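Have a look below at one chain only, the form deposited in one PDB entry, in structure tokens format.
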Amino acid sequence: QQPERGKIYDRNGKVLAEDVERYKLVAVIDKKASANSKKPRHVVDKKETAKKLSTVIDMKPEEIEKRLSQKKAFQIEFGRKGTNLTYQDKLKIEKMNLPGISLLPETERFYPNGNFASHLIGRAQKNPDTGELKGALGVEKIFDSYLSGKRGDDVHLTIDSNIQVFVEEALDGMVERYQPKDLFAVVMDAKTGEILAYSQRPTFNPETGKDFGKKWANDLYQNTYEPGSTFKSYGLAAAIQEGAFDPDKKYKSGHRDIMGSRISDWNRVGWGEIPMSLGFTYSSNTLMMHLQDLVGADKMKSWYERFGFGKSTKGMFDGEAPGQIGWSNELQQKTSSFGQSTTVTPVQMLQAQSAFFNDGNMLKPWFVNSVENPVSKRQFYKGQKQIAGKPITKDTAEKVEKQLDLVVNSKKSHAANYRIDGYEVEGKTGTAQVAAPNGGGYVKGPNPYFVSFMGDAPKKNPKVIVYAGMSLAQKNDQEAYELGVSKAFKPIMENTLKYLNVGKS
């Protein structure tokens, strides 16, 4: 009855989701089925049958024999344990030659990679009455009308399964090491905006349904973060274009007094009068507050808006969050300079960061390559590189890139743990407090931080941008503070560059 639901593909044609035939176990227990037959067509020994069935379906013989003993029933099924059985399960059941036992073909949605870009691909759910499948999250839901049928259309993603494996492995390592409450990593083509890989933790397995529903939100498009100091790059860009930033000019570091709050550099005492470039390498908060004064508060708010913040990127993901620029008072304004109070989505961060490597042009990130029917060959949609806006000049973009280089590679860098032997890396570190969901403060604890890194490589002319973020390590929180996401950035970026044939040296 149901039309075949279309497939979801990665950018090289690997199947990410497709319909398959599986099998459901049925046991006829009524004698009436065997009235006309010499060999029985119903279960004659319920105990032996239960014992043999327990060697295939995940159910104890005692529960099977209980289900076989239901009164006033012609045939029985075994709930979830008796459905979605494989062809090999079917073979071993059938070789037992158990009277009354058969297997019914049923259509199931199959995700060949299991837990793999799960919050992007989503999950399609089955209506048992009809077999009708309906997407409940991500691409399966966004494109449900196209995917469902004739035959539904296929959706091709920009995701590269080879790069996605690197991301899934690195994120597993972060879970083991740090048990964070939230975790994401994303890899984008620095020159086109294509999402090459995306994952988050915790997540679900779309194949089995394990943990589906425990977190509805996709981190890339629907979750918001106070970004911390990765956000300083946009304040730097603005201050550069306005002439307030001079890399060699000195400024007074240490602290600033804003509406009765002491906002200090991370070492409390500062470094005296130091060049602005060094302050950016040190990730000086007083530098950013100084530059905001020089530019002017009204102008800086417009600057963050021109970089796309506070607005949806208008991607094809459902319910994209807008974030919010925290600007309601001077304290909010000043803390926004280093990525506190303001909330962003990771996709806004990627869009904004792409400006520095595309002559000032922001690229709209995208992950849908095409929607098209393989039978009719109709192309309903084709993704493309699109400029989201040009907030800065090419000259400003280069001067920002020079400072991002210094953050990682300066002889005074405090981010050398993001270096990769053989490759040149650049980017910006972040450590931020995390808003408590309930009650009006920050999560309390020894190191209750969202730590992140917006990185790109090769430096100056990158092939990819890799952004990774970790919220609230429940294990090794002190090291999470010290090393940030470097134990995820380094395996993802190194393997990705090798796979993209970037020569090491």
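Each form is matched to the other, and the largest set of C-alpha atoms that superpose within 1.5 Å is called the rigid core. Residue numbers count along the first chain shown, from 1. Compared with the form deposited in another entry:
Checked against the rigid-part motion between the two forms, the candidate from 21, 368, 59, 419 that sits at the hinge is 21. When the larger rigid part is held fixed by C-alpha fitting, the smaller one turns through 11 degrees between the two forms.
What would you give as the form deposited in another entry, now that the form deposited in one PDB entry is on the page?
One chain, no partners, no other molecules: that is all that follows.
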């Protein structure tokens, strides 16, 4: 028999995955089993056996009887409906005292919460010959050789199930309303980098296997996005340190001509000669292009690299994507300033944003708290807060934070739909075009956007960062353009802050 596979735990000791015993229904149907026996050891009345067994398994009495009639066979099973039976299903069948009926014990992998952080936890699959389980995605795969066994090691995550529930419920709401092609939300402790909650859509159910394999990629570590205007914060931070951003100095908005192409602010005309601070509140593309000119393209590329972009964060997930900084020509450089051409992972965005709230120190995000064996007490691994680098000074960080405050809370804001009543919110919005997966160019349509928000609360001294992103709503794409991910960000952030005992304004 196999050693017990280790358990996966959340940060408070709740089981996310474990081994349980279930039962498989077996019917001996050959008369030769009762040749030299006092009481029958096979099924005598196929019809009565079918009726009574039908009251415990999800199979019609006609089908049980048909399967019971198979010839040249000593015993039969009943397919998917006959296995994974509970301990109460077992007791019910055995009271029936049906001749030739028995239940075989089987080990299964149990996920108590069903569809729940599924793309992070993953799923283990069973080799029916030996009962051996092997992880095929996420934590179950990454740590397969520790979890596997006389008893395997346990893996404790930084996930908080109470916060995970808020994220799962918000994402179900987004799917219902917007039916987007892709969707993710992540909650990170703003001061440690711990991943407190993470989910995506579409996803699978590790308990049932439903939809497993339809999308291999974990959004947090393996999928890449052109982030859009959330990426302007790192352009802004660079501009501040170089002395190029002055919040009150005016600049020419409108458009710029780059290698013969017209790139303009989102309203085509701009706002004339406006202060640089208002440019960022308005999410002016020409501000960012102007700032790049002042800093210099060469210096700006290094800045984005110093913020950790273009390379893996070296987390503990398999196949972490590196992204890439689009810098080949001046058109790629200029569109990178507002988050197109350059591709990122959500975990890179969390790593970079954390600098604004830790005196300029980027925090390496992390989700594995411990790998340890509960019998021997050996601890193999313990997660830690770690500074991934310090690209900016304390003063630049605070000056970035002042413009993020204004993005949500200026009189001239266009992001008031992210406000939560009783909590002070800040962050940056994004409404990015999405590259055509085959045809080249960008995906066309009425509002073909990846909409996102990189937010934190309470502002200035936040408890958590919440990053949510929604790609290509197929339903209500007008409203997705207007409201972004506000219908996910608000319940996630509000419920998280209350559960973390932060006081309402």
